[PDB]
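The chain that follows stands alone, in the form deposited without this ligand, written as structure tokens.
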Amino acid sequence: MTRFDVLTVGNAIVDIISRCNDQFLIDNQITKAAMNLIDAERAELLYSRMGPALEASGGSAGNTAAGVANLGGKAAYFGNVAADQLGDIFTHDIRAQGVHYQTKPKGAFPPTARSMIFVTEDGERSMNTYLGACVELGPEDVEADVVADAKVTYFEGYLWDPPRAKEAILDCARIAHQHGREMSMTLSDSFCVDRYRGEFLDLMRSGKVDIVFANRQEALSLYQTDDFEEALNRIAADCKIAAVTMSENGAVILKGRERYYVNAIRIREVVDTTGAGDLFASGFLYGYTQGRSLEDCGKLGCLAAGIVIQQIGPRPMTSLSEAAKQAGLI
């Protein structure tokens, strides 16, 4: 028996969510649909301009871990909060979902990371993230027994921003592979890819990462191309398995020369796209560690992602397992 199906590792963040008009993004020089890193001063400035908000636990990998547990898989998470009220919210929410979460805060300062997420009328989300205590995640936070006893360890490209998180990830890759497990990453964001393109390619080509998640824009950014067919050909050459999401066009799963196209589910409306990619990874990795086919992995991914975009908040409030049973994916 393996204690865990999926361990995820990421920036532990609490989301502060508000709807805005299109001009708000322009007026405030916020790059639409992207993750915009901000300092403490800018965080205070943007917050002062933000309307009344809602808070919900976030963090890309955090959401993925939660989604896996929701579907019924066994999940763990590494990510660093502060000993403050926001960190207590993050800690509660992830543990309440049944995710193993044992990363110890180092003190109250820097405070727990938060992301001000502005949702436009089209349902797109634009994130403004102060990393706070996420900068203290390092090799000391690697629970070696957890990595050794997890079928897949999945991590965010976003971890390349804080200074020492990469060292933790390299330790994870070593332990995971020594114990016959698989490593996975998400490219996270097209600008994050712009920042760490060479390093991400090295992770894939050195075999430190076995399974890569990307959306269309990230895959284009990885190879600095406008040719999507080139991007798919190259990503398939650079990693063992690639899962590439294409928004309303669903996704394509790649393994060597194999290609499996999956449709997006029918949706009422795009309420808020926050979490779509994360929950795609949840569905995929749940299916994968249940020994399902790559196509059914894609189907589970598209189901989980389709559900999350129909609600405010990055973690489905409804039962994904029930949804999966209802959709005949079981």
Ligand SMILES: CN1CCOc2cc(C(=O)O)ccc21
Given for the second form:
Number of protein chains: 2
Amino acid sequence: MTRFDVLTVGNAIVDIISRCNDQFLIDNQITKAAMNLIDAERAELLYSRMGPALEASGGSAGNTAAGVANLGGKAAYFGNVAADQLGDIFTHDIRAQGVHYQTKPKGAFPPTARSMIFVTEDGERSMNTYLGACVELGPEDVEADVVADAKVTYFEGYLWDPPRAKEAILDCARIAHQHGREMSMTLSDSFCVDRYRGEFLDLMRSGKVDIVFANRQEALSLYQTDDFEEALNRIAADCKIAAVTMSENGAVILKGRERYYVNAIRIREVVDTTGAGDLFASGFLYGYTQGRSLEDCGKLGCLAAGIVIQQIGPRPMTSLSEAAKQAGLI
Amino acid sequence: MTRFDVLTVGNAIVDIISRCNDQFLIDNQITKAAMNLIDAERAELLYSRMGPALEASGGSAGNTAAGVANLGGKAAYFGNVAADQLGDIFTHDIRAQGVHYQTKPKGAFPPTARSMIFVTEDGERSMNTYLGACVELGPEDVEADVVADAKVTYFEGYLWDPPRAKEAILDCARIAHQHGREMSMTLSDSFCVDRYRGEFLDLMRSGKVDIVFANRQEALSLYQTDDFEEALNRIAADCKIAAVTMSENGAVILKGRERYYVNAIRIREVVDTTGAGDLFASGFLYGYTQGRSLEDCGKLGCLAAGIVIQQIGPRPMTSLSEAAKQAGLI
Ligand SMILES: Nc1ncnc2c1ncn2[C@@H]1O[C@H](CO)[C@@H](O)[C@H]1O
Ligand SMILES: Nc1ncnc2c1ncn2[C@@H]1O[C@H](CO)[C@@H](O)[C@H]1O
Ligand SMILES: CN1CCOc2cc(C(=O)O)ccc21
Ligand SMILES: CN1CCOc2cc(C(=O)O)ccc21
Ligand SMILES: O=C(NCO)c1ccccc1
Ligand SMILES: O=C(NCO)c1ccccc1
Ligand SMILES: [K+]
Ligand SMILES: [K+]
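Alongside the form deposited without this ligand that was just displayed, please also present the structure of the form deposited with this ligand bound.
Every chain and every other molecule in the complex is listed next, the one we just looked at coming first.
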């Protein structure tokens, strides 16, 4: 036995969520469906134009850890907030879900990261992220005992944006692999992939990453191709296990020459896609750490992702474990 | 040609919202369906026990102002926040709805008020409010020109808990009445009524308040009776216009010997009752300041209340003006 099923590492962020029309995105030069990095000045400008909003703890990896705990697995999280109200909210929400979270704030400034997320009528989400305190995450925040005692350590491609987070991840990869654990990453966002293409490919080919999560767009961006079949063949060659999502088209899990196709669950209405990929990872990694088949892992991922897209906010407000039990996935 | 239809005055609060079971309330000695005042230590304690949460700008009168603006009316708000992130959230949300909000924070401590709101399976809401910076609201926060130029100034019975807010209200009553405007209050909460019964009756009988809002429980509390018919007779005698809500049983508007009953809208499913009374007042006061019949004011109130209880959070995220137009209430 160990202490954690899944440790995740990411940018600790509080989400500020509002609905908008398509024209708002155009007028403000926000790239639709993407993660748009912004500075403090731009954060003030955008907020000044944003409608009344709702706040909810976010962070891709944070959502994933919360999701694993929700399903009934044991999760931990590394991510850096500030000693401010947003940081206190973030700390509370993740710990209240039963996720181990012990990353200590270093002061009040820069303030806790936030992302202004604009949800259009089609349920698509466009994020505008000021990293704030996230730029302070470094090797000093690695709890070596946690990495050593976690079955999987999972991290965001998004961590390549802040300056020193990657040093923490390399330390994690070493510790995890010396203790016979597995490393996982998500490609995060197609533009993120574009910024760090060579570095991501090296993480996979050097074996620092064992399990890779991607959506169609990210897989296409990784190999700079319009040919999805090429992207699948290439990704299977570069990592031990790849889990590739295709929105309403479900997912495909790849391992060597094996391919496992899973359907998306039936949806009432696409309310807000925020957190879909994160929760697919929750479902998958929970399944994986419970010794379930790759196909069943995919099924648990699709169930979790389908639930989260039918609510506002990135972390399911309902029991995923109960949903799994009812769906016959247990 | 005046500047505002409705000025509201209340405790400026950010809500921290979570689901719980009935037993959570019993175990923590939280009075179900009530506003429970709490100190800083208890706020820390309750939060430590609360599950993952959502944040949304609240404050009864704040919600009411936002509602009036959403309907298409001209609103203003007085309420005191701190110079902190919660205060920034509050300031943004109310101003973004198009409500005039210019109350200046006085510093960072006490911090901005928050209410931990626990929603049970039945959709009932139990609030646990730390007043924080609200204790600093006083006469110095009265924008005299705003009161003078508002058709109605509406305020919370809740304002009787902090120490100096009542002085600001008396000042408002003088300015409003000297400029031929009307004053309105909500009785807020049945326990609040119990704390300030004599004072509230005085506000009505002295004519400092022209229009009173109440639910069944508050009206019963005000006259310390189990007889609702007696409560209706007495309240009609004590104020010029009374608007009494009865949840699923609709509302009754009283003026002298006149009574106007209004049906409640048929709900799909009650999600969260937070804000129902606040938005009834939005609808009523929007109608009233547009010169609409008392019945039509009640209709607009019930419409707004019906919408807000079908969502999480106290301020409708959908267009009330569009809903009113579709309803022929225009
Ligand atoms: N740069 C970023 N790094 C990590 N997570 C992010 C970033 N920008 C937005 N997010 C998170 O992505 C989540 C949705 O996948 C949101 O909850 C949001 O907080
Ligand atoms: N003491 C209080 N004064 C004014 N409003 C309050 C108080 N406690 C809770 N509320 C607000 O009541 C609203 C619901 O009517 C919530 O949005 C919450 O913020
Ligand atoms: C998704 N998007 C983000 C940033 O730039 C991109 C480049 C390519 C490509 O080079 O083929 C492909 C996709 C892509
Ligand atoms: C409002 N509610 C809660 C607090 O105290 C109350 C007292 C009475 C009463 O005195 O009859 C009636 C109701 C009541
Ligand atoms: O610390 C807070 N407020 C002022 O000290 C706080 C903490 C968590 C959530 C909201 C506010
Ligand atoms: O002030 C803010 N952040 C830096 O502390 C702020 C303002 C509004 C909403 C969230 C954070
Ligand atoms: K969502
Ligand atoms: K509500």
